[PDB]
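Following the hints, complete the assembly by docking chains B, A' and B' with the ligand onto the known chain A.
Number of protein chains: 4
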Amino acid sequence: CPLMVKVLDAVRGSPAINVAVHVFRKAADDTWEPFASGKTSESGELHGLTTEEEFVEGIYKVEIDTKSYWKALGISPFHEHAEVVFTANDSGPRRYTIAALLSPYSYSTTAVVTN
Amino acid sequence: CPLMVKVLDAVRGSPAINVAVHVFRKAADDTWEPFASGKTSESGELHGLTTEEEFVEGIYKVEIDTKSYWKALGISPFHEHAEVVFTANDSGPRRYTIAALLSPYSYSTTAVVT
Amino acid sequence: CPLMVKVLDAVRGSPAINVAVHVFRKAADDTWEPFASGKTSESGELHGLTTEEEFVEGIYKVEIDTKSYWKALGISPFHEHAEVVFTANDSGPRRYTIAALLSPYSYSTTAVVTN
Amino acid sequence: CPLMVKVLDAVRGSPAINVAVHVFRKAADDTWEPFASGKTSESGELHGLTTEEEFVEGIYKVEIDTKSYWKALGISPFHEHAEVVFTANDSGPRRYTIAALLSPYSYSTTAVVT
Ligand SMILES: O=C(O)c1ccc(-c2ccc(OCCCCOc3ccc(Nc4ccccc4C(=O)O)cc3)cc2)cc1
Numbered sequence: 010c011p012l013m014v015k016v017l018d019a020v021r022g023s024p025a026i027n028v029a030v031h032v033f034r035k036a037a038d039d040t041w042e043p044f045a046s047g048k049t050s051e052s053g054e055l056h057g058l059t060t061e062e063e064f065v066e067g068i069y070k071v072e073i074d075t076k077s078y079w080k081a082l083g084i085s086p087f088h089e090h091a092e093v094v095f096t097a098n099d100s101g102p103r104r105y106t107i108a109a110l111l112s113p114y115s116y117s118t119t120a121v122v123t124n
Numbered sequence: 010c011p012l013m014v015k016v017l018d019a020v021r022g023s024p025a026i027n028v029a030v031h032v033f034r035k036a037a038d039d040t041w042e043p044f045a046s047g048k049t050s051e052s053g054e055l056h057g058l059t060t061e062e063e064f065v066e067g068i069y070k071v072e073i074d075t076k077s078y079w080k081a082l083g084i085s086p087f088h089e090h091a092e093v094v095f096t097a098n099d100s101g102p103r104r105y106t107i108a109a110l111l112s113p114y115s116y117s118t119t120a121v122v123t
Numbered sequence: 010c011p012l013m014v015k016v017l018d019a020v021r022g023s024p025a026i027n028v029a030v031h032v033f034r035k036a037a038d039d040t041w042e043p044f045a046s047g048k049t050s051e052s053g054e055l056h057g058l059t060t061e062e063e064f065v066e067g068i069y070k071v072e073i074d075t076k077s078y079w080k081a082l083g084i085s086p087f088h089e090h091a092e093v094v095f096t097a098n099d100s101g102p103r104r105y106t107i108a109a110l111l112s113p114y115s116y117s118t119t120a121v122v123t124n
Numbered sequence: 010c011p012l013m014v015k016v017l018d019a020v021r022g023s024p025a026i027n028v029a030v031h032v033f034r035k036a037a038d039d040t041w042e043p044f045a046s047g048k049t050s051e052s053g054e055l056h057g058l059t060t061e062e063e064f065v066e067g068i069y070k071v072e073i074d075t076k077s078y079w080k081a082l083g084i085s086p087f088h089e090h091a092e093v094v095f096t097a098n099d100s101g102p103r104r105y106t107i108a109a110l111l112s113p114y115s116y117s118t119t120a121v122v123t
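Top to bottom, those sequences are chains A, B, A' and B'. A prime marks a further copy of an entry chain. Its first residue numbered 10, the first sequence is counted upward by one per residue in the entry's author numbering. Its first residue numbered 10, the second sequence is counted upward by one per residue in the entry's author numbering. Its first residue numbered 10, the third sequence is counted upward by one per residue in the entry's author numbering. Its first residue numbered 10, the fourth sequence is counted upward by one per residue in the entry's author numbering.
One chain only, chain A, in its complex shape:
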């Protein structure tokens, strides 16, 4: 599938499990429209967000709910969430993986784009 998210926890040295992810797509009126959502599995991966057909060209926001993750673990973090904003599929369909590493005061994201 063309959009996947994988999250690691740098404190525990583990997949980040049960991380909620909401994806938005910029609409014609310039608002963020809800596009897809899900949560990471026991492997820290989130599969099945969308399909090739539905994942059209656009500007997408992948919101990773890092505060809700840290608060569900009873930890007080810094950030409200991690925001990944990117233009997708503007040269034809690609497959996008958003990889994230989380600590309470830091996060890091990288994109792996394949054709």
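These are computed hints drawn from the structure, not numbers from a lab. Errors might be hidden in some of the hints.
[To be verified] Distance condition first, Cα-Cα at most 30 Å in a straight line; then the derived DSS-like pairs of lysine-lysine:
(1) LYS15(B) to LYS48(A')
(2) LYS48(B') to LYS76(B)
(3) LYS70(A) to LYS35(B)
[To be verified] Every beta carbon over 12 Å from chain B, so not counted as near; a handful from chain A', in silico:
(4) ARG21
(5) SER52
(6) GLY67
(7) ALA81
(8) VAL94
(9) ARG104
(10) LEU111
[To be verified] Derived Cβ-Cβ restraints for the label pairs, each shown as a range:
(11) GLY101(B') to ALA37(A): 45 to 53 Å
(12) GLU66(B) to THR40(A): 21 to 29 Å
(13) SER23(A') to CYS10(B): 48 to 56 Å
(14) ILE84(A') to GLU61(A): 44 to 52 Å
(15) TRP41(A') to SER52(A): 26 to 34 Å
(16) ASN27(B') to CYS10(B): 20 to 28 Å
(17) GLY83(B) to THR123(B'): 19 to 27 Å
(18) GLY83(A) to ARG21(A'): 32 to 40 Å
(19) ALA37(A') to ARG21(B'): 31 to 39 Å
(20) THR40(A) to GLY47(B): 48 to 56 Å
(21) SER85(B) to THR40(A): 20 to 28 Å
(22) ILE26(B) to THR123(A): 30 to 38 Å
(23) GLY57(A) to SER50(B'): 43 to 51 Å
C-beta atoms are modelled at their ideal positions from N, C-alpha and C, and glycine is treated no differently.
What follows is chains B, A' and B' with the ligand alone, placed relative to chain A:
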């Protein structure tokens, strides 16, 4: 100086200079209102964004214009911008430094609160 | 298998392919003894370094040959290599993944340890 | 001051204070010879390690004692230490800053050469 932003370039091994940064505060109606802005200096740092008097508790967004930065170097980047969204909290320490490390397909951010 | 390495390239937004990895284990005389080696695949992953039986307790060094990687791409990087040094299997067998993100002047490593 | 080390703690959102750092230079016989050492300050930085006169071209190793740092906070970390190994090269810029970001199971390092 309660808020400082520092931006580094992981490709060239340098400060990220002349990067535009826009800070917003979340208003009561959930909209982002402009709060402060600037360009990073030769050291990749942006000082003097706000004062202790103006910088009250609440949710702030720091938007870093990474796309223009990369395109000026002739590099096509992945992100439209980098975003850092956080709550400022008078409990605990007073000075927030937001540090960003940039690559064309990656951004990392950490907070140093002292 | 109990020791895996996965590497991403933050410049290209791709797996880091053909990255050489050498693993060492501290011997009784305190020298670094060669233990296993390999290179990342087209997926940026390196599987098959060792076995449960051979991967005994010890202090291991995973050397990721980042300079050779960047130089094979004709790019001049900063670091000679990335070094991951850790005690393994001291509470029983675990499975270790060393995840790395590379840029010419930076690198990042995280460990995912499962039981 | 051609070489500076700065260390940050991603768990607490603070400088990593009183972290021991040992710098070595590679000798002709491939052994690591002591070169300079220190503890990070209250700002998490370590200044005054060397001078331009002593810091000649060659391969250097910066070893950061992250394991003691974490254990003093009551945290069992993954790494025995962090290592940064690099060639110092008079071609191009003169001042090397080695920045490290620490978590118990992760370390990241970037170089800023100006
Ligand atoms: O004050 C100052 O001057 C100053 C200077 C520099 C600073 C830094 C230094 C280093 C970082 O490092 C950035 C974070 C590290 C990169 O993150 C990632 C590491 C590993 C992976 N890997 C994966 C994660 C999930 C799934 C799969 C992978 C994989 O296959 O590799 C992704 C991102 C950030 C800031 C801070 C302050």
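Against the structure, the hints:
| no. | hint | verdict |
| --- | --- | --- |
| 1 | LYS15(B) to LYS48(A') | 36 Å, violated |
| 2 | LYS48(B') to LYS76(B) | 38 Å, violated |
| 3 | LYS70(A) to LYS35(B) | 19 Å, holds |
| 4 | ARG21 | 7 Å, violated |
| 5 | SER52 | 17 Å, holds |
| 6 | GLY67 | 32 Å, holds |
| 7 | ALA81 | 17 Å, holds |
| 8 | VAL94 | 22 Å, holds |
| 9 | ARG104 | 26 Å, holds |
| 10 | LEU111 | 9 Å, violated |
| 11 | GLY101(B') to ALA37(A): 45 to 53 Å | 48 Å, holds |
| 12 | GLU66(B) to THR40(A): 21 to 29 Å | 28 Å, holds |
| 13 | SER23(A') to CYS10(B): 48 to 56 Å | 40 Å, violated |
| 14 | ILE84(A') to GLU61(A): 44 to 52 Å | 34 Å, violated |
| 15 | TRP41(A') to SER52(A): 26 to 34 Å | 32 Å, holds |
| 16 | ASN27(B') to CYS10(B): 20 to 28 Å | 25 Å, holds |
| 17 | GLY83(B) to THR123(B'): 19 to 27 Å | 21 Å, holds |
| 18 | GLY83(A) to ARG21(A'): 32 to 40 Å | 39 Å, holds |
| 19 | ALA37(A') to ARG21(B'): 31 to 39 Å | 38 Å, holds |
| 20 | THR40(A) to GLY47(B): 48 to 56 Å | 28 Å, violated |
| 21 | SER85(B) to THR40(A): 20 to 28 Å | 26 Å, holds |
| 22 | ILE26(B) to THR123(A): 30 to 38 Å | 32 Å, holds |
| 23 | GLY57(A) to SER50(B'): 43 to 51 Å | 49 Å, holds |
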